[PDB]
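Before any questions on how it binds or moves, here is one chain, the form deposited in one PDB entry, in structure tokens.
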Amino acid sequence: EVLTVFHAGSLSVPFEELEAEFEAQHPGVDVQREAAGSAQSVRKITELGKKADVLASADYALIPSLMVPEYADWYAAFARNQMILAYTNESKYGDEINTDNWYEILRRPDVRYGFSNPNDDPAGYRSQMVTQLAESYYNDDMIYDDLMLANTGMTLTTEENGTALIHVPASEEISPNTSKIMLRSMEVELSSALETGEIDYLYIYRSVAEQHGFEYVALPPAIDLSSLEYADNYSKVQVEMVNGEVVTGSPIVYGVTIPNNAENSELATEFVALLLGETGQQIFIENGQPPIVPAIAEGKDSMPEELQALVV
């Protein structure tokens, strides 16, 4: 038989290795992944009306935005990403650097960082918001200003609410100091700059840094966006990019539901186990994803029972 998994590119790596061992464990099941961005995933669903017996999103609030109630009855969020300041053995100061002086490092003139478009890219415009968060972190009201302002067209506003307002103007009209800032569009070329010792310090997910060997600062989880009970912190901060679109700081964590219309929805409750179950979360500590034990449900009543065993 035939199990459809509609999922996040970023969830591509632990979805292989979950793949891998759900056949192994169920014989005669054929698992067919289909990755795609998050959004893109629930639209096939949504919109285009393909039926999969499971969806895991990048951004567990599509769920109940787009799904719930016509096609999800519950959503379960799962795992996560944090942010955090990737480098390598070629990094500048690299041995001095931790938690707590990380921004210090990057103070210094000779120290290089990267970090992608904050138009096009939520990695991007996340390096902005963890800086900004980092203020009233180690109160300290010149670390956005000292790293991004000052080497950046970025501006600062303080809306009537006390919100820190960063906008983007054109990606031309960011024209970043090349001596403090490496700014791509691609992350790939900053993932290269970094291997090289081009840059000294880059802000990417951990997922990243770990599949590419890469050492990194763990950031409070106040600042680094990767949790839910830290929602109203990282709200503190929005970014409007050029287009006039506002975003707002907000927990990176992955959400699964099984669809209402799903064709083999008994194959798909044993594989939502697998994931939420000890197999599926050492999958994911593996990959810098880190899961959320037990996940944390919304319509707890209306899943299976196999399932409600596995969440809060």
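Positions refer to the first chain, counted from 1. First, how it differs from the form deposited in another entry.
Hinge residue, chosen from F115, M129, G280, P251: the C-alphas switch from fitting one rigid part better to fitting the other at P251 when the forms are compared between these two forms.
Mind pulling up the form deposited in another entry next to the form deposited in one PDB entry we just looked at?
There are no partners or other molecules in what follows, just the one chain.
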């Protein structure tokens, strides 16, 4: 019949290849995908009342915080990624940019940069997390102020334990300084802006940069949300969306679930089995998006038995 998949924008390229593989082994199946920012993909199910067979997110923790237990009973952590600052040969100061000086280039008034909507998209809130965490790493308590506070409607407070809390207003009230910032609904619409030279820099994932042939600044492991060992450092920044939901700096870990209100749950089991199996792993390696092999799952007693063999 019809397989409805809601997935992250960074998952577009591997999910296209996964679709072609799934339709080759299942002839009468039409896989319709809706790519959006992960929080918005989750909000399709939990708030708009839309039904999906597969939900895959760029931040696994959106599943237990927003879906469990009304819309989901389990999740499996399947992939990793890394935040970089992407650019081309047409980008200003691209010859002179590195790990040590990226934010000073971003500080310049003739330099325009891009990130996605933090209310809707993990990459959008991660850009904020990366930028704030840079303050303690580089011993410069004005990086977040110069780049984000002076140019948007976002505000910062400090929690009692020392954690920085970024407040995101309504999406229309973010009101970016057009000279400095291009904002988009999802991270994958800004790729066309970086190609044409409309922006100079772009906070996106390493997998996406490799998918477009972009040059990238390899940001430090302490701030780039890539390494498990730096999880205690990443947790010192939180982002609050307009609806009052709080996301926490953590390593970038992708998560999949089959919702409770899925129409084709039996067929959804097979897609996720393909995803977690050796075929799915290979597709993810090829697109520069490190798979978690074997996949880490919670709520295993609620999982289908076919999928229980593939998880930890």
